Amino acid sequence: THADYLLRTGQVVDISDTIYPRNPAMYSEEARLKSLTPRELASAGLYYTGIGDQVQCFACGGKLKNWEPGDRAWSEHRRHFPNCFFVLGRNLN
C-alpha cells in the first residue's frame, strides 16, 4: 500500500515538533504573567484570554474557565489535558 510504501521508505515522521507549542508568543512565564492567582496560573503555563476567567495553555492550546474554589491551576490543567507536552514534560520548541 502507498501507506506501507511511505513507512518502509521511512518517510513517515511525527511533526508534533512543528505544531507545538501552539503559541510561541506565550512561551515565557513572564510573557505569561503579563496579560485566580496570576503567579500560579502562569506557572502552570496558562495565560489569560481577556474573557471572564478563561485562560489558555501556550503549549497545547487548551482552554480552562469557570474556576471553582480549591481548583489548583496545574492539577486542572492535566486533568483536562493529560496529553499536553507541558503537562507531560515533553520537550517544547
Contents of the next structure:
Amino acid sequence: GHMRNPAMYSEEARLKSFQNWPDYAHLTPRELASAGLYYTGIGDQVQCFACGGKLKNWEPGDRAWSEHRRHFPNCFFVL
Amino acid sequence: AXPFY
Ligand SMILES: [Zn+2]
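Switch from the form deposited without its partner chain to the form solved in complex with its partner chain and print that structure.
Now the complete complex, all chains and molecules, led by this one.
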C-alpha cells in the first residue's frame, strides 16, 4: 500500500517530466499530471507516482483519470 | 490507453 515514487509526489515535478511529450498522444501534460501520472520520456508512456501503474497508447477521447482508475483499481490516488 | 509492465 506504499507510494511507489515519492520523488514524483509533487504535481509540479510530474508536470516538468513532460519535456518532449508527443503531439499524437492528444492528452495534455496538465491533465495527466493531475491524475497522478508523470512522463517516462519514452513514446506516450506514463506512470503513476502512487501505484506505479504504467499507461501507453493514449487515444483522443481517453480521460487520464478514467483510464488510470479502470486499469489500476488498487491505486489509492484515483480511488 | 493500455496498461503495461
Ligand atoms: Zn495510480
